[PDB]
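K.L.:
The lines below spell out each chain.
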Amino acid sequence: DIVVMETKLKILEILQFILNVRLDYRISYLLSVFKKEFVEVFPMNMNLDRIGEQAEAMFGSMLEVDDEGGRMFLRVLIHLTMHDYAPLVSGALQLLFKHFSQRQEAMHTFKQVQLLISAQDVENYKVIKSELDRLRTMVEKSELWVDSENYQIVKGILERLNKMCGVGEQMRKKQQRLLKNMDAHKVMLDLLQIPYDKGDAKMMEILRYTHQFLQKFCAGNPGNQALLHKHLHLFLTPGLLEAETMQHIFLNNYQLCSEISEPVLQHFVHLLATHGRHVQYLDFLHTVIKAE
Amino acid sequence: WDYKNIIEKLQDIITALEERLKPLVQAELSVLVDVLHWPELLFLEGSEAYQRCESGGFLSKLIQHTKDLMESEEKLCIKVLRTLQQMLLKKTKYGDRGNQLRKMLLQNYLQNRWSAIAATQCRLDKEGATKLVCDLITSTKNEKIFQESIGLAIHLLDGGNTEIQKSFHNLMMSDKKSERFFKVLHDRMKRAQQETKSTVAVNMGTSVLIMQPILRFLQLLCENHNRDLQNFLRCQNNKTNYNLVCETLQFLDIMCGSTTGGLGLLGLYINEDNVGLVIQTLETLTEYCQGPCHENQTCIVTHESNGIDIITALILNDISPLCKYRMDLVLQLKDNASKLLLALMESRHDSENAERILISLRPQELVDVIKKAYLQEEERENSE
Amino acid sequence: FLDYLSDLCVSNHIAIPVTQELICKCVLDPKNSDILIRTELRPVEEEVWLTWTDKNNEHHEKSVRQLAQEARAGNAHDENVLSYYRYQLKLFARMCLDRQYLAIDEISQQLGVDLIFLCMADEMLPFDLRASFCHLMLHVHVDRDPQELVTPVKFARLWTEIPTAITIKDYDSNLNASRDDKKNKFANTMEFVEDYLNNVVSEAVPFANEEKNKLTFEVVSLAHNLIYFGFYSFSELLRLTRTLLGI
Ligand SMILES: [Ca+2]
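Chains as they are written, first to last, in full-length UniProt numbering: chain H, 961 to 1004, 1022 to 1037, 1043 to 1129, 1166 to 1310; chain S, 1586 to 1698, 1718 to 1807, 1863 to 2043; chain L, 630 to 673, 689 to 891.
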């Protein structure tokens, strides 16, 4: 029955979430061990053997998802893989493959951990967290204020974030990494989807500021460029700001420009043929032609 | 707080942990192969799931799903193909810690329950691995999926398995899409030839790197002098026939520089990077001709490209640039060329092939080469 | 026709704000208040009563338990009114999909958390009605402004917020305040979900009854949404994994 398959899919999704929580706990444990050893060595050499032993031990335990030492989990995964529902089999296979890669996943996640120690870094983190939380809360209630003080506060938040993006190669890279870690791009993309009328100058200014922030986010960062390219469909609309954002996303990116799909390229020539608004489409094509 | 010092210590700890856990990661990944080998042991004997697992139903379902998910999830397809290839590989040791971890995991999951490679290959073929490989090669548009399919084919055919060769021949004959399979192989061969020609003209490309696995697969098809496969690779009896033997000879001729290489400029074209591919091509041609296959011998000897002159030059020429630095590779190349020439005349009572070879392989130079090779022993360095 | 409106509310399991708003502006309008069954709770500890206007504009009020009992007995009018109520609840849930606050604000006042919990937890009502109430609770109350999706893995961490020694209890105690605050509201729902899952796993064949399968699916979806909103700590998630795998 379809209901049973959907229930099993939801159970599998819950299992994925809990496994991610376990991964986060493992990363936290490793960080705590490292901090304890660092404090012991420097109250103001490092015994890496002890830390390695603790890391090995933590993968042995209370973190297991069953009382059979993972036997029940493996049995359930195999049984689900034997089913016909394609999404269920795919999820079971993904979980099965992830089961035997826990150490590799933990090391990969630990590599990406970012530590904020400087007071300026802590202040930046707090400010970004507060601003993003307020922006998300206000965007979630779009129907309440979308045609008030909401517009002014939103505009101030966008300007503050744009100024927070930073200036300088090292500063820009650090701020971009921090913003990626705080999921600001998701908030901005959700804001772009907000429904609005075409006769509101304030909303146009807000969208312009959002596009400026998005362009600054991926400026010179291939990782953020790919992250934004993952959501192309939003930007494929008849607009000038969207064309500028697409140009910035594809700017100096061989991996994206070279593998650009046919419909994306035909979109801009179609707009030129039917609209021909400005030189934004030509600029996008010119930047797409050359990369690195 | 020491920001720079803290970051440096964190990086050092990350590097140490990465170095330490590699054997454990390998052992943990390996345990998955054992789990896939005997899934029924996870269930209770006499149960429905146990019956499904024991009869190979799990592996067949996995292969069918892999075929289905080629377009839905390319990454999952690649992962499953790699897992199958690992399943077809020989066992390996991961150190004391790795072995301990592997044994502990096997005990936890499975409570207490070349011949092995051949049995595994036969089992996978029974579950439908060969059909999956053929379908993926014929239909896939992803380079990684094609590479994994070719690798799985090589692993299945590794060691010259007669049953796998028979299954491949049956699929090629009965199936209606064998024409597309051979067309894809021919198109890739031609693309590699064109890329090599362009690179030679300019003076190493995925289209050229892919030739090594393809040549290895074609050689494994004809291994042990399989007459049916040897003849099929030349003529498939379809509406349009693709002669892979002729294409292999053309690739060898283009790689070595064609007539210019035969004149004596062979040294420049052949270098350290591409020597292995030339060796593989020579081995594939030898496997085509040995047994013997008279039609393949005639095709190679009388080819319009005059690729036999390339082989004779390979034997006679010294390969001045490469031989100075890597003499072992030059010796291997000469040995492979001599083996190919011998295979071209395995059981031919007529002199046609002998005279054609002697046209370019003059006797005085051959005797001088033999004497030089004999005298080089005193200068030999430790090598296979 | 209520079902047709429900399909019109959504497309490909994704709510469309435009059509959703157009349907909400009409279905919930006061002029069209005679086509929706009114539900209330009265002391009579408390009983849920449904009042509806017949075709001839005749008011009829009856307890939900009485409706279920009569429908089980064999009466057809009670079965028809129960089916109409179920489809109305489905329409209400669909109109609130993807946080449609315009309809959520109106529906929440009429159907509170306590009323929906009482209706769904009752074992005397048919499984379909409990499933509808669970769906409404999921799509009206749980998916509201205060709740927000939580990323299980955090990449940016403060140096001053890393304890020297960490355990599961200490690990999950970092944000216990918010968890307790949301528990103050959803404790009954969480307890009901846990008890239902335990009962389902205890059964030899959890997916035998087709009617119970709908309620099981809604309970599982509610648990999924609660988990993804950070309503459970790591220890509770570990405990629940055993039950989920056993099911
Ligand atoms: Ca809304």
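Calculated directly from the structure, the hints in this document are not laboratory data. Yeah, the Cβ is synthetic: ideal placement off N, Cα and C, and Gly gets one too. Take the hints with a grain of salt, since some may be wrong.
[To be verified] Where chain H lies over chain L, by a calculated footprint (3+ residues, C-beta under 8 Å): (1) 789-803; (2) 837-848; (3) 861-874.
[Stated by the list, open to error] One-sided and incomplete, this derived list gives chain H residues near chain L with beta-carbon spacing under 10 Å: (4) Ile978; (5) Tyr985; (6) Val1058; (7) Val1104; (8) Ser1112; (9) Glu1125; (10) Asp1129; (11) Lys1220; (12) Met1221; (13) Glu1223; (14) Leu1225; (15) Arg1226; (16) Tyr1227.
[Unchecked claim] Simulated restraints, written as ranges between beta carbons of each label pair: (17) S:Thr1803 <-> H:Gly1186: 56 to 64 Å; (18) S:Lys1675 <-> H:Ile1212: 56 to 64 Å; (19) H:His1090 <-> L:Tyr728: 30 to 38 Å; (20) L:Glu847 <-> H:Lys1204: 52 to 60 Å; (21) L:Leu637 <-> H:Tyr1272: 42 to 50 Å; (22) L:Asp698 <-> H:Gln1284: 41 to 49 Å; (23) H:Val1282 <-> S:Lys1730: 40 to 48 Å.
K.L.:
Against the range 52 to 60 Å, how does the distance between the Cβ atoms of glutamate 847 (chain L) and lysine 1204 (chain H) compare: consistent or not?
P.N.:
violated (41 Å)
K.L.:
Test coverage of the region 837-848 of chain L by chain H using CB-CB distances below 8 Å; three residues minimum.
P.N.:
violated (count 0)
K.L.:
Against chain L, run the beta carbon of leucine 1225 (chain H) and see if the smallest gap drops under 10 Å.
P.N.:
It is violated, given that the least Cβ distance between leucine 1225 (chain H) and chain L is near 17 Å, above 10 Å.
K.L.:
Given a cut of 10 Å on the nearest C-beta pair, is the interface hint for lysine 1220 (chain H) held or broken against chain L?
P.N.:
Violated - the Cβ of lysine 1220 (chain H) stays beyond 10 Å from chain L, reaching only about 20 Å at its closest.
K.L.:
At a threshold of 10 Å, is the proposed contact between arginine 1226 (chain H) and chain L supported by beta-carbon distances?
P.N.:
Because about 23 Å separates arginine 1226 (chain H) from the closest Cβ in chain L, which is outside the 10 Å limit, the hint is violated.
K.L.:
According to a criterion of three or more residues whose C-beta lies within less than 8 Å of a C-beta of chain H, is the region 861-874 of chain L covered?
P.N.:
Contact hint for the region 861-874 of chain L vs chain H: holds, 7 residues under 8 Å.
K.L.:
Quick check on the hint: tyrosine 1227 (chain H) CB to chain L CB, less than 10 Å?
P.N.:
Violated: closest Cβ of chain L sits about 23 Å from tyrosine 1227 (chain H), beyond 10 Å.
K.L.:
The hint names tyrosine 985 (chain H) as touching chain L; please verify it with the least Cβ-Cβ distance against 10 Å.
P.N.:
holds (6 Å)
K.L.:
Take a look at whether the Cβ-Cβ distance between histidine 1090 (chain H) and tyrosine 728 (chain L) falls inside 30 to 38 Å.
P.N.:
54 Å Cβ-Cβ, so the 30 to 38 Å window is violated.
K.L.:
Does the CB of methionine 1221 (chain H) sit less than 10 Å away from some CB of chain L?
P.N.:
Given a least distance of 16 Å, the restraint on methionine 1221 (chain H) is violated.
K.L.:
Evaluate the given range 42 to 50 Å for the C-beta pair formed by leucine 637 (chain L) and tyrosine 1272 (chain H).
P.N.:
holds (46 Å)
K.L.:
Hint check: is the beta carbon of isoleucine 978 (chain H) less than 10 Å from a beta carbon of chain L?
P.N.:
holds (5 Å)
The structure fails hints 2, 8, 10, 11, 12, 13, 14, 15, 16, 17, 19, 20, 22 (numbered hints given earlier, in ascending order).
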